[PDB]
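Modelling step: build the complete structure from the supplied sequences, incorporating the hints.
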Amino acid sequence: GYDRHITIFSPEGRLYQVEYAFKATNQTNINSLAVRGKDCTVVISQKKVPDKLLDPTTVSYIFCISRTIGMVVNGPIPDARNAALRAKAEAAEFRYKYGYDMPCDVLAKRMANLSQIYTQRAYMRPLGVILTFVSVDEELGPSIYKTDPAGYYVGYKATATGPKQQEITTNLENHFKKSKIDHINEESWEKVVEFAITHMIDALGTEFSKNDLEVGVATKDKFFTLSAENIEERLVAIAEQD
Amino acid sequence: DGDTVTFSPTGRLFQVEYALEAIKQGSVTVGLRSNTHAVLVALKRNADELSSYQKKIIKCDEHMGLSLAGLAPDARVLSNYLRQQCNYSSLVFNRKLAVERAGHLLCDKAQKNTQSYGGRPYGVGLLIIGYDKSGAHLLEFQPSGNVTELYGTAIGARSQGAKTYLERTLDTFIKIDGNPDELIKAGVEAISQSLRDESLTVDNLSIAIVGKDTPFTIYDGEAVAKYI
Amino acid sequence: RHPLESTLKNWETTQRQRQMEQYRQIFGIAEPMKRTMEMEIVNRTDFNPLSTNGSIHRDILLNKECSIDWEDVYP
Amino acid sequence: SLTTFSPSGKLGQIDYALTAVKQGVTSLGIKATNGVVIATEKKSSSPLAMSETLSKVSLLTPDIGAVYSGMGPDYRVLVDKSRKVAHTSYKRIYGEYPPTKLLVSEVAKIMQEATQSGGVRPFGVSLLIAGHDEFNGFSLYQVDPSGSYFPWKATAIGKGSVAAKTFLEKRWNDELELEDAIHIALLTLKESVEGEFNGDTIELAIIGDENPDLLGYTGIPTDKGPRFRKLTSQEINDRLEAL
Amino acid sequence: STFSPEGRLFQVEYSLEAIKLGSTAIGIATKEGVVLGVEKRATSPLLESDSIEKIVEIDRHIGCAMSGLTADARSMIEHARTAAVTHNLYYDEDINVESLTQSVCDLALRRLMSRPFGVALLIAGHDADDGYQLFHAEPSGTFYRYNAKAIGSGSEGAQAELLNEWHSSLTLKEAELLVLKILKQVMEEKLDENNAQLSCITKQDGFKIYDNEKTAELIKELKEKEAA
Amino acid sequence: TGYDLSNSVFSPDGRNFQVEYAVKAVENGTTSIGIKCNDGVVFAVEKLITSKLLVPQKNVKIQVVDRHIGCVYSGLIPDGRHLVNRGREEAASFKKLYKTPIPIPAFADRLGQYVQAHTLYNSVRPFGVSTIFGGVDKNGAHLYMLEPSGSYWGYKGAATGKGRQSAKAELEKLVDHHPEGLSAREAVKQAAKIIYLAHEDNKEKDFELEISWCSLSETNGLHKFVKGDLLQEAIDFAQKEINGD
Amino acid sequence: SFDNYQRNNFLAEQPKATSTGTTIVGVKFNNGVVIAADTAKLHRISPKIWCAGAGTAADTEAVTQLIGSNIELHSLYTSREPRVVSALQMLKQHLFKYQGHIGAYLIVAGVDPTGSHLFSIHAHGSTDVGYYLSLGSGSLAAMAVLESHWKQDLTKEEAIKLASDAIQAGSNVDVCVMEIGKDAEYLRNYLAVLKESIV
Amino acid sequence: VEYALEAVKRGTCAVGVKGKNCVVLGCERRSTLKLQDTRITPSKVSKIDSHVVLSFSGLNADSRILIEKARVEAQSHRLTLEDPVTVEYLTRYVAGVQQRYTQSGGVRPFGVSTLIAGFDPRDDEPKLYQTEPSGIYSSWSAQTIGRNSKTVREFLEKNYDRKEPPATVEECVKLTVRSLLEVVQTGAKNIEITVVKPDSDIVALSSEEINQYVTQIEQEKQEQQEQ
Amino acid sequence: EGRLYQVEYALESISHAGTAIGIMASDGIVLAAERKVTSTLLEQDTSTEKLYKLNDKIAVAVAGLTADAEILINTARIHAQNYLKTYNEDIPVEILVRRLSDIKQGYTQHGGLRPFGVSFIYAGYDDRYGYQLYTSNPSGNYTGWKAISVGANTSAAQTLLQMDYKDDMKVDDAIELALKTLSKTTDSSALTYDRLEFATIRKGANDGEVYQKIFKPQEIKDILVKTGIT
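Protein sequences, first through last, are from chains A, B, C, D, E, F, G, H and I.
Numbering (this note's numbering) for the first sequence: 1 to 242.
Numbering (this note's numbering) for the second sequence: 1 to 228.
Numbering (this note's numbering) for the third sequence: 1 to 75.
Numbering (this note's numbering) for the fourth sequence: 1 to 243.
Numbering (this note's numbering) for the fifth sequence: 1 to 228.
Numbering (this note's numbering) for the sixth sequence: 1 to 245.
Numbering (this note's numbering) for the seventh sequence: 1 to 199.
Numbering (this note's numbering) for the eighth sequence: 1 to 227.
Numbering (this note's numbering) for the ninth sequence: 1 to 230.
Check the hints yourself; a few may be wrong.
[Stated by the list, open to error] Quick list of the computed label-pair ranges, beta carbon to beta carbon:
#, chain 1, residue 1, chain 2, residue 2, range
1, B, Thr169, C, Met37, 48 to 56 Å
2, F, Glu20, D, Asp133, 57 to 65 Å
3, F, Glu20, D, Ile93, 50 to 58 Å
[As the list claims (entries may be wrong)] Below, computed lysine-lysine pairings styled on DSSO-like, alpha-carbon distance capped at 30 Å:
#, chain 1, residue 1, chain 2, residue 2
4, B, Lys212, F, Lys58
5, I, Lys221, D, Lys170
6, I, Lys36, D, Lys22
7, C, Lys64, G, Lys195
8, C, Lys64, D, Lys101
9, A, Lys164, D, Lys42
10, B, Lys175, F, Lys205
11, E, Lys54, H, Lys150
12, F, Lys189, B, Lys163
13, B, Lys109, F, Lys96
14, D, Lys22, A, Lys97
15, B, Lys163, F, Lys61
16, D, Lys224, G, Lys195
17, F, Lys162, F, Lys189
18, F, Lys58, A, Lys52
19, I, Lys170, D, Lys159
20, I, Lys53, I, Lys184
21, E, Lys208, E, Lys225
22, A, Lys23, D, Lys42
23, B, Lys133, F, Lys96
24, A, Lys38, D, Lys230
25, I, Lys216, D, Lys109
26, F, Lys52, B, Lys185
27, C, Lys9, D, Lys230
28, E, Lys20, B, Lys44
29, B, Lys163, F, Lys162
30, F, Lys162, F, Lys205
31, E, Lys190, H, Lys158
32, G, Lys195, I, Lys36
33, E, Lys20, B, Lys24
34, F, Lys52, B, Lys175
In short, the hints are calculated from the structure, not lab data.
Every residue, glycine too, gets a C-beta built ideally from N, C-alpha and C.
Put into structure tokens, the structure is as follows:
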């Protein structure tokens, strides 16, 4: 019936233009992972370049929002780019309103509350995207926050996303079951990238030729993404470990 | 569907396909251009032998011209708009619109009514003619906002004959300059070819002509006895 | 007449109009149009004669969700 | 449906918004003779996901707290508008934070304004609001999607609400001090709980007499400072030793 | 507002089919002036004149008559009156009639694709630019010039004799007894100053509506002419 | 099924159907191509002729965008005219304000977002038209392709329209024998071969092909059309090539 | 808000407002910041951000409790403590919005998770910062007092003794001290017709 | 528009007649519902100004807002000109608002028909106008609206000639009570009537005075039986 | 058809809302509303359920969505006090019920809004017409009455009013007939003092002003001990 077409409750309390925005999060078949060290928070994406004449330098799912803060997206690239342009406008205004740099927690709340608008208006579409933030915050250390099409928002110690996400997350849980810490027990951002990829390759089984990586790294002064030779050092170090 | 912005299962726009069906309802008009002048001939309609035959030539400060091949009111909205678009360009700057942007402005303004939810596009084929900082121009406009500078063309119901004639005789007009003479008569033969069994007369037929040192002068008046 | 009159009465929208001008110059034609089209389907759809407050989701698009003006205690 | 009437005078869309409330992870509150309690179950996801950022329970005025069942984003915007109302309609005219009655009237209006306006579905949350008025005392209200609000001696909303109000109708009587209400409320969410029962799967917070130690300054005896307290996981794990 | 498979608006066509069962208004132009006339139908003998006047003045130079709900066009007629007299108040001239006919029939376009004034309309009057002029106007945007034209149930059937029975040199009284001959043609009735109403529109009269007494000397003149 | 009727409605698999029905308009429009070059950028466009009545001098199907940027498109063409028109002021205002030309990545996002903003609300339809555009800035030569969804990605070489499937065998089979790509002169020549050869599917229509380029060395960093001696040389190159079969 | 304007100009052609013309200090110290005023001029923006005010008293009480409302909502919207630079930004935006037509002269001093800070807002929304400031008309003597007897890292006791001296220069004082680990400290005055009815 | 006029055909019978120097209006009114109070009850017939009246049939809720809109207009017209609004100008506005609320989707039409009447200063012609959901204004010398108005309109059109307006308020009132008594099988306590004489002499008729007319017609009808 | 289907269903809506009565006297007015079947844990003096006070001299006995009614009640307060500030003199009950009953048609006029699902029995006093009793319903019509009911079982209540009501009776006589009516139209197996609300209007303490008390639950016991059962 007509209830399925717009953000209006159906007979069992459901919002189908939010549920069909969850199936939109799968469209790329990308999977992604983000993890904290003692000093860093680091985020990983699969990559797929179907065309033989496509540029891999531009199949980008990792975004710097502003100096110390960034995110990864699961769902279609146009809705993902729209999220990244909201998020930079949220953070740029917060330094105007309040005299300090936007914390990841408040940005993940602030984006999750805009998602409450489209989730209530009958005459708007939700975005089809799940977000995951990275930053280093002086109030809390390195941090991760989720967001989804409903505006559900939650802070994380380490997280993974995509159509394979229960497998990546099941093997992350069974690491902290042993270390019993809130972060991967290492100091350099390089060590935690190499751990994250050790769990990414273990999880997703299709051994990563370097094109299947895109990675961002957040640290106290900067969030940045790995250059095509910086990725190569991680890959050689994991190849040297075993 | 009848929806004004929505796309069909095969990628089609039924609202604009039916804006072009108004070409299969408006009475014929035809036009062409040369090195120095350009011409259009409009053939008219009536309700009864008594009725006065329909007006279908206008101008923009004797700088441009226009005709209609469907709903005259919709072409009149584009006529008054372009006529004021050429009125503000003249008076504010002491310049003139060279015809280049007339095609663009129509093609912006007609696409918008398929773009927004709102009232439908201007439901009519239009032919605009003018003279520039360099040369005479003919623009055919088509609904949803296409402009084409066609060297000759015909629009309205069954107008395939007059196109065929402007193509079939590339002499007599393309090469003709200085005095306007054969432009009028050759265009008039192409429309006069097109009518199946109907008639041509001294009120029923009217010609737009534009170009170098012709301030656009409307020819439906008794001076047309020189050209029937 | 008073030097602050009209200047403060229109401050709410005039600052928002100028903020949309920064959205133009920093992010192109897309973002101000996207937001001003959100402004038109959020402000014009609030049909409720007994409710003159405006709209709750307007502050979720206006940055007034967690702040006060004298104009908001002195309506 | 746009909340227009059905063929027997039902609002249609509000009964489905009540079903969004009915599906939520439980919260409950109790009026006690010297204070009021607000109680709720958290969930989040794996040990990857914290349950300890912006809490499910939250402070509206120094003397009022709130908790919910249903769609979290709806509740979260209702409470952050509700905080703004308390300052811009009461505190900046009257110098006093609004008593529970007025701030509940304002939350009730935002919910009613959704069961009638253009382009909008009802909010999918029921809000329990509880707090202290100097004149009419320690108080508990339920606010539903419909905008209607009922005051109570005790109440529960969401998944566990039928069991929790069946228990509270068998239990609550006009002699209970704050602490034995907590010992019934713990035993009540000990029967809402789908997961493990512990000091991070349960939120629990209170209004009692004030704590000048939480005013963050001293020297003006006049001010009493916070009436409302967010219990820490340690303060909760002490009481969870007795249950 | 909506399109059909064939180029034409449903919100216009599915309205206009009402006036095809409306009051049979008829007008005639001549060398000496214009005539305009109607079936003077009333809901009861209890209805006074000076109420639903099915023929009206616009100014001393111009009148109107119509076939659907007059109150709809009465709104357009408020603007027709005020726009005409404000031209004269500003510029000291009667607006030349065709330019009033466009300006008053352009209300049915309000700036696009509009819900119709469900009523076709007969402006008629004098100027020195094109003489005594009889028009037609619509929920679209249209014209006529100077001849006979008709609206309402009998009108196109009457039009088959109106085209036949006319010429340029006629004097007004010729059109007066000619407008009564036609107005009887399909009404199943005796026309009189209760079932028909008339006006003559001239440089000597202005627009004027025949008084019930003058409607009894002109019907007497047709009735004695029946022996011819 | 039955979700198809408006712009801002996901159907049961989460698809926006007005991406799925807008891209069908791109297919049945013009087929055309472009290539990224070691020194520059190339565009090559099928100016299809259905009757000789045109002014072929002024039926320009590639569009100049900036002093160093250009553009080309397929679908309901009136859509793409608008994208270019305020594309010109978007770049020229950036140039007036920034005192330097707009980078191609910086242009590609603003345009991708103007298209994407019409895929959100149901008060507007999609732009039905795919686009290919590019130019030269201080970071290099760049080329992008855009689709009605607002999806856009950077490209080595790209093609569109009904010829796309056999064009997706001349593409690939360029770079599979040219992993360096080309300097722009052999890209101009090779490109003309492709679109000639792509006529294999269709009989009884005619065309002229027009080409354009910008480079660090093939022009001083300005967009220019390729016609004349070099295009006749490029057509002469291509002419025998489908005639090799 | 502007009402009853254009009429008072004629009625004047007016009660005086209760301006505080007195003098106030802030001094930055070994473990926090001190402020004081020569008294009730020590308004709270928040438990750890305090304002010593001067000029029109009603303006100082009204704006500090408006910014304190913004900041109370802010602490509830972020789940974090507020900062002296947050109050300084909001007083700059807010007093710029009211163009010095709201007439307050206003110290801001406080402690937050980043550190201890000390700023002042003049009527135009203009800002100063430093290790010490003095404001309200007695301050020209306190310029010399604070510049002379302050040194790197006075502790509580010497900052309170220096505050006593600075305000004494230019017989009684209110002082409050914000110490970086602790509750902020407030100190007051530290130094024959008849007729009848029931109604 | 068509369903809307069935709102009028669901509303109370309202009727009137011109006279040589008056207009009389009246309505079938359902008396009082056992426990209703007349002083606390609105009349059906309603004053717009001291020289202008409006009566009606159909949505009484819409008729409050239609009369309330007419009342603000009639005073605004008076304020803006000191022209105590002529009945033909009061009718223009009220017909105009029924046009305004026909034309759009959203703000659906007033489900009401009216008799509007009055006397301009020194215009001893009784101006009577009838309006409907579309915003017509047919004038009438006499007319019927509401339900059962068949036999009312038939009986009136058999008892009045447009060129025969009774001068005397006696016959003016006598005709209309006979007319309503065809419909009101519920008995003639249910009727209400009101008269305009020129120069602001609008006058209501009491429950006793209409009886000296019900028990004047009744024995006239019995004399017509004995004849 | 000449009907509105949302509005007939809004009238069907107030027909679900529990029974409410109001009866006038030769010197005063009474209100008497039923609270339907209710949970043991509900509060009983803090719960604003059926009756309210709109200025010094006017009350209301409502049936509907209480949430809808609250906004109209607030607008009656605002309008009444703004009238009292405008004319320095009390607002008549009829002007007030006209203003609120306009709003309830002004939404019914429209497709962009649902109409308010609220009926309103008003009691009040003024120096226009003395004591006035009004009744108003979801379409926005209003009517004066001597004795009236709204909400569920309105008809069964008016059958109990019809024959028993005698035009001259005093306030304290009407306090009987309200409970004779409600108990015969009871929506519960039986009454208890906490299940009903009452409010009254009387001519000052004696002359001058107006007296306008709301009964607290003990005062409700005090009127039930009388006209009760054995």
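Hint check:
1. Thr169(B) x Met37(C): 48 to 56 Å: Given a distance of about 52 Å, which is inside 48 to 56 Å, the answer is holds.
2. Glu20(F) x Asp133(D): 57 to 65 Å: 59 Å, holds
3. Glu20(F) x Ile93(D): 50 to 58 Å: 56 Å, holds
4. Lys212(B) x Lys58(F): 20 Å, holds
5. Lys221(I) x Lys170(D): Given that 30 Å is the threshold and the Cα spacing comes to 26 Å, the pair holds.
6. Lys36(I) x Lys22(D): Holds - the C-alpha atoms of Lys22(D) and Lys36(I) are around 22 Å apart, at most 30 Å.
7. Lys64(C) x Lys195(G): 57 Å, violated
8. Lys64(C) x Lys101(D): 25 Å, holds
9. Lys164(A) x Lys42(D): It holds: about 26 Å lies between the C-alpha atoms, which stays within 30 Å.
10. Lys175(B) x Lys205(F): With a Cα-Cα distance of about 28 Å, the restraint between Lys175(B) and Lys205(F) holds, given a limit of 30 Å.
11. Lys54(E) x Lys150(H): Within the cut-off at roughly 26 Å; holds.
12. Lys189(F) x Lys163(B): 36 Å, violated
13. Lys109(B) x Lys96(F): 27 Å, holds
14. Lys22(D) x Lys97(A): 38 Å, violated
15. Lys163(B) x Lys61(F): 23 Å, holds
16. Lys224(D) x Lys195(G): 45 Å, violated
17. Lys162(F) x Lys189(F): 22 Å, holds
18. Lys58(F) x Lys52(A): 35 Å, violated
19. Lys170(I) x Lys159(D): 52 Å, violated
20. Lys53(I) x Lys184(I): Given pair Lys53(I), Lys184(I) holds - Cα atoms ~27 Å apart, limit 30 Å.
21. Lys208(E) x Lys225(E): OK: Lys208(E) and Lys225(E) at ~24 Å, within 30 Å.
22. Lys23(A) x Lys42(D): Holds, at roughly 26 Å.
23. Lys133(B) x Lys96(F): Status holds; Cα separation ~28 Å.
24. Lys38(A) x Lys230(D): 29 Å, holds
25. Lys216(I) x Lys109(D): 26 Å, holds
26. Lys52(F) x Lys185(B): 22 Å, holds
27. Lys9(C) x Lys230(D): Violated, at roughly 41 Å.
28. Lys20(E) x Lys44(B): Satisfied, since the Cα-Cα distance of roughly 25 Å is no more than 30 Å.
29. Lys163(B) x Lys162(F): Since the Cα atoms of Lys163(B) and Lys162(F) sit roughly 29 Å apart, the hinted pair holds (cutoff 30 Å).
30. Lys162(F) x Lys205(F): 14 Å, holds
31. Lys190(E) x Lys158(H): 22 Å, holds
32. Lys195(G) x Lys36(I): At roughly 55 Å apart (the allowed maximum being 30 Å), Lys36(I) and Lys195(G) break the hint.
33. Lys20(E) x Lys24(B): 25 Å, holds
34. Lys52(F) x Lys175(B): 17 Å, holds
This entry does not satisfy hints 7, 12, 14, 16, 18, 19, 27 and 32, going by the numbered hints stated previously.
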